[PDB]
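What follows is each chain in one-letter form.
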Amino acid sequence: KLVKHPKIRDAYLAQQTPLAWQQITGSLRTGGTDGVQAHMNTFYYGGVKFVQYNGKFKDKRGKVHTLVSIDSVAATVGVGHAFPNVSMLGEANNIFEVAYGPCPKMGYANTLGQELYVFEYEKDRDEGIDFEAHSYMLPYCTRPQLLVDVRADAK
Amino acid sequence: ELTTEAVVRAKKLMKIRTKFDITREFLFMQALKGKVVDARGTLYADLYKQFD
Amino acid sequence: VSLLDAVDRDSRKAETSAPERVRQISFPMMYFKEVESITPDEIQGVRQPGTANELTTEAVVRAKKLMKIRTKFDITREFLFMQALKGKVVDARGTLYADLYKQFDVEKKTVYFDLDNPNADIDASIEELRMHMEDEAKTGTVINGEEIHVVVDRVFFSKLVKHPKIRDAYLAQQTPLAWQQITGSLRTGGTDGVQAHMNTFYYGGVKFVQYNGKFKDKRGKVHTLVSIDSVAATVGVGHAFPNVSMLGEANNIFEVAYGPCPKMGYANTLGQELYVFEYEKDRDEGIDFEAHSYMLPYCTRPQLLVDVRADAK
Amino acid sequence: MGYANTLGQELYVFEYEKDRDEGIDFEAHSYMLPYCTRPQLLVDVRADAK
Amino acid sequence: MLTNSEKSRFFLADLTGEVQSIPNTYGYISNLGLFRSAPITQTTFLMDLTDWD
Amino acid sequence: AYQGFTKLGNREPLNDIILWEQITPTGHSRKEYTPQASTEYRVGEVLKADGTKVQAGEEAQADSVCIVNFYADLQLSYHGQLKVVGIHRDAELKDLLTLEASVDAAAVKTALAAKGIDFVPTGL
Amino acid sequence: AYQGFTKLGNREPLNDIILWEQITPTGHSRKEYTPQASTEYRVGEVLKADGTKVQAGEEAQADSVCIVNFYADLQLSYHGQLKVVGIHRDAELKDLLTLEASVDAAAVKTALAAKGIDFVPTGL
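Residue numbers (the UniProt record's numbering), protein chains in the order written: chain A, 212 to 366; chain B, 107 to 158; chain C, 54 to 366; chain D, 317 to 366; chain E, 1 to 53; chain F, 2 to 125; chain G, 2 to 125.
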């Protein structure tokens, strides 16, 4: 929807610069790698850079979770998120953090957490092997007012 | 040709690691969105209410 | 793989992943044969067409017949390769030998461009094609969907060129590429064997090539290489398949198999591309010829073959 | 476990302790089949005629 | 490699390798490296908020 | 092929659904059934007290979950044994049951749970 | 092996019954049939004009001798071919015919002899 808008189409068509030619008739796939795509769509306008992110995962009940979609908004309506760069506040004022907690096994109480524990045990009577994986974590933001949602909606 | 225990062990460990990486990515995205909720939809943190 | 679900620390509950799946398939092969012979009755008292007093010779007839046989085999091979690229393998008589989508139980995707609608968004369709080719690979490695071949029909090429969204976009640009594609000659491609150059068009990082190959059956019917099955000739059609560099050589997708000849001495020998045999007639009545072939081209990832249609429905 | 594809032995024996030092347990395993490749060379004999 | 035929135990046929498919795994944001690791010892943590006008 | 495609069949499910079992010198969670006439068995199916598969309207009679693949035409299991074996008490299994047409999974799960069989959620 | 034994079946007959046939560029003595929907074929069976096997009371309609093993379920021959083949003229064959129940061998042989097919005596 953003790219098709006449106020952008004509504005860049009338511009006789190398950037304008590429964005109107060339390929917009110039970004980095998302793990599936070699390059991902990128668009520059008004000093901002827009990136199209495709992300889906299957919940074991069956339904699909879309990373970028807003809650309770139909997929037919464009939606996006904006969050600050690391450099805006400076490395001295890091805003994002993750906390890792301990594991309930013996010998781990009151111990610094780790992102992943793996354990192995032998089944009784020499019948097989058993595995366990544990994790205890929470990501959070200290200045939530800097997170903004963009919608391609009228209201 | 016959399978062996080593191959099964390696495959299962790789599967577990992949699942955990996928979950971590999803949780990071949810946190960036503003609220932290698991795949089931349980609410664990609401930063907007927390910081008023 | 799926997403984990949070559990209570003191409850000590957990979830588990499901196992994998395995299955097997098989393929037959296609067999071809040819027959020819030479008789003295075709040499005696036969004037050479290009002269007034010269008689024909055995060597000329032999060379002509051999060239004809080889040309027939080459044409058949080209047709078979095109058919395999189209997703189904059938001889000129309509017999079905392989159904890739049935064996690999994967649905075929078609992309509509709606070139008859002035408001049609070509960019949306191109992005849809890229997303399909990239997401449906299922290879566990980075995929660059920009590298793909696009073979197009004359009607589809004309309709795409005529669209205002392309015409005005290229007119507004004061660049050498824009000048050449609007007022110059688009014939800058390689050689298809009948013409020096092939129509080529660039837009949005995709390259469109127009192909007009066609052949005829033993009973007069004309077969078109690019035409989609059961589509009207007035509707633009085309096919898109990945490049070699898209997946690399380690993951080659196109293969051709060759089997052995049913004659003595070839019980379990590796098949060759073509067999030729020569047998003189009894009582020096003449000479006989034979040509054999045994092949089947196939694709190991049919979901990567996509059709394209000018209309939208 | 540990014998998935190994060659079969004539007899296996195992020993295991009990839950909380209560005793000892034993197990014996065997897996075999005797067969004859030319059964027609086996003949029965009877003391009577009938 | 030779194996048994489709439906006969006394005939052979050729086995041409294998094909595998693997699910997709997006990782864009994790690679971005926004979040820092802050391991702790307990099951909860606290913070203080201050301001003036 | 004649129709253009040929399939040699998928691999049968193999015994990997047991996560926990009451390890005992003699099978405590396992019971043996005499196979029924011309009946195919596979891992994950639900059997009645007499070795017959549970059908619609009789979920209350579910007794055990089969864990051995049996071939009707050979009368021999895939390990060469002559009998069908199924878990009937004190075990934890993956949620990969096979049920007949129109059978209510919830009723079968409730009936089995009364015997101490617990099903663990399984990821996609 | 339950019930005492398990048999995996005998090897299918191999195409060796041919002793002489005038070889020509296009198989003068061989003819092709469209296989029936549910009929199995083996080497040495007598076929009618329409491809159906000769049965009792119609030996005079014998047409050719099958020389290809065909699998109905696969709908393919043992050489991966889509059609059946039979000998219908000018051939010498080993006396190894296979006939349905109550089919008179003498009548079939006499009918085939009219077409120029002869059978060589065969020992044990």
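Take the hints with a grain of salt, since some may be wrong.
As the list claims (entries may be wrong) - As a list, the in silico BS3-like pairs of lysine-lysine whose alpha-carbon atoms are at most 30 Å apart: (1) G:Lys84 <-> G:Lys110; (2) C:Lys155 <-> A:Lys212; (3) C:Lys141 <-> C:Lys121; (4) C:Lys86 <-> C:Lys121; (5) C:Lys125 <-> C:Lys218; (6) C:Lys121 <-> A:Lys274; (7) C:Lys316 <-> C:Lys334; (8) C:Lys260 <-> A:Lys215; (9) A:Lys334 <-> B:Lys139; (10) C:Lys274 <-> C:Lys218; (11) C:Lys125 <-> G:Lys110; (12) G:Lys32 <-> C:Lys334; (13) C:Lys118 <-> G:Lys110; (14) C:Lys118 <-> C:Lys260; (15) F:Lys32 <-> F:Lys8; (16) A:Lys269 <-> F:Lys84; (17) C:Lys162 <-> F:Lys32.
Please keep in mind that the hints were generated in silico from the structure rather than gathered at the bench.
Evaluation of the provided hints:
Pair hint G:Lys84 plus G:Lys110 holds up; C-alpha atoms about 25 Å apart against a cutoff of 30 Å. About 38 Å separates the Cα atoms of C:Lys155 and A:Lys212, which puts this hinted pair outside 30 Å; it is violated. Distance restraint check for C:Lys141 and C:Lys121: the Cα-Cα separation of roughly 28 Å lies within the 30 Å cut-off, and the hinted pair is therefore satisfied. Of the pairs offered as hints, the one joining C:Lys86 and C:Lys121 holds, with about 14 Å between alpha carbons and a cut-off of 30 Å not exceeded.
Of the supplied pair hints, the one linking C:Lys125 and C:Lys218 is violated, its CA atoms being roughly 44 Å apart against a limit of 30 Å. Between C:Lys121 and A:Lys274 the alpha-carbon distance is near 61 Å, which puts this suggested pair outside the 30 Å criterion. Of the supplied pair hints, the one linking C:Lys316 and C:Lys334 holds, its CA atoms being roughly 19 Å apart against a limit of 30 Å. Straight-line distance between C-alpha atoms of C:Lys260 and A:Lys215 comes to about 22 Å, which keeps the hinted pair within the 30 Å bound.
Of the supplied pair hints, the one linking A:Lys334 and B:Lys139 is violated, its CA atoms being roughly 43 Å apart against a limit of 30 Å. Among the hinted pairs, C:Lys274 with C:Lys218 is inconsistent with the structure: their alpha-carbon atoms are about 38 Å apart, more than 30 Å. Distance check on the hinted pair: C:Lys125 and G:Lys110 sit about 44 Å apart at the alpha-carbon level, beyond 30 Å; violated. Between G:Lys32 and C:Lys334 the CA atoms are separated by roughly 24 Å; this keeps the pair inside 30 Å, and the hint holds.
Taken as a hint, the C:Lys118 and G:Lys110 pair is broken in the structure, with Cα atoms around 45 Å apart against an allowance of 30 Å. Of the supplied pair hints, the one linking C:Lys118 and C:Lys260 is violated, its CA atoms being roughly 40 Å apart against a limit of 30 Å. Annotation: proposed proximity of F:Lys32 to F:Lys8 is violated, straight-line Cα distance about 35 Å (limit 30 Å). Of the pairs offered as hints, the one joining A:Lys269 and F:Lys84 is violated, with about 39 Å between alpha carbons and a cut-off of 30 Å exceeded.
A threshold of 30 Å between alpha carbons decides the hint, and for C:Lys162 with F:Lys32 the separation of about 51 Å lies outside it, so the pair is violated.
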